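Take a look at this one chain, the form solved without the ligand, written out in structure tokens.
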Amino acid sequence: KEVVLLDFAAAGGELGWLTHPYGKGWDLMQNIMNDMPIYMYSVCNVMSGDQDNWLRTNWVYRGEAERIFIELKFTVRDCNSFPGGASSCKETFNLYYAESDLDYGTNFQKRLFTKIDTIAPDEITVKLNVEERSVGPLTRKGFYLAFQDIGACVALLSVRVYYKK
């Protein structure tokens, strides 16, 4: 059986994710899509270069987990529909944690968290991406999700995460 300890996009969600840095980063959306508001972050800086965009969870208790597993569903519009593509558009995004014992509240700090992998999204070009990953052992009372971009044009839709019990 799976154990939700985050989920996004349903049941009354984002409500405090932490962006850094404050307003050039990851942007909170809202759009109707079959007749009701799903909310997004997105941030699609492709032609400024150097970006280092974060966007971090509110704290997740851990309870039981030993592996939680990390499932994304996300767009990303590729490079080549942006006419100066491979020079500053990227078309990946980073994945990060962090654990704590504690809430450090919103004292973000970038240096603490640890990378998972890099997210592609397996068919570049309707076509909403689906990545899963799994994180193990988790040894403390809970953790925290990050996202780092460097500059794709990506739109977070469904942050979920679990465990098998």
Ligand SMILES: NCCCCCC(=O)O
Given for the second form:
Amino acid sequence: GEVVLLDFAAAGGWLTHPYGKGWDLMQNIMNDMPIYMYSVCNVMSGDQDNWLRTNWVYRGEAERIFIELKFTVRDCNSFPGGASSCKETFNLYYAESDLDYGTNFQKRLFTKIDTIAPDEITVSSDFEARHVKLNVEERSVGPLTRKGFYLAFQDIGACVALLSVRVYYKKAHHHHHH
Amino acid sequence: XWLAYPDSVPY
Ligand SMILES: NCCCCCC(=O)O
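Output block for the form deposited with the ligand bound, input the form solved without the ligand:
The complete assembly is shown below, putting the previous chain first.
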């Protein structure tokens, strides 16, 4: 009995920082329904610190939230000269908040959950053949007590496409909802 | 740039 709090791939313009750089909302329209994703791939510069933040998510009655990510990561050997500037992980954070801060973003309020690493990187020959390796990772966070929360994703120089962000809680039939 | 996902364009 799961209750869904956020489902990016079911929805079809999240905050990004710094302005004008980094994560970008993308689509693949090779089939009748579009596939959306947040992508970043600034693998050559070596000084990247790109943040993607969900909108405010109502927590409902969840004490613990479960977070499922689906994503691709390109092999850093795809990028000639990227040995030291390219990474193959990204970082996952959260913040709790009673208030929807809107366009205001303060990194200092966020707590790291984990490094997110791919079980499978997508090598160049597979990318060009349109064969990507979709990874799935799950984490959970709590106890939570504020009205809502945010997730954020920090890129430090990897080539990542984030296709799915699902957040749910369990046993919502033991709670009274407002 | 490089693209993270094949055949993807900004939305
Ligand atoms: N780019 C800043 C590094 C992470 C700060 C977030 C934090 O732990 O509060």
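Positions refer to the first chain, counted from 1. The term rigid core refers to the most C-alpha atoms you can superpose between the two forms while keeping them within 1.5 Å.
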Aligning on the rigid core, do we see the C-alpha of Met33 shift 2 angstroms or more between the two forms? yes
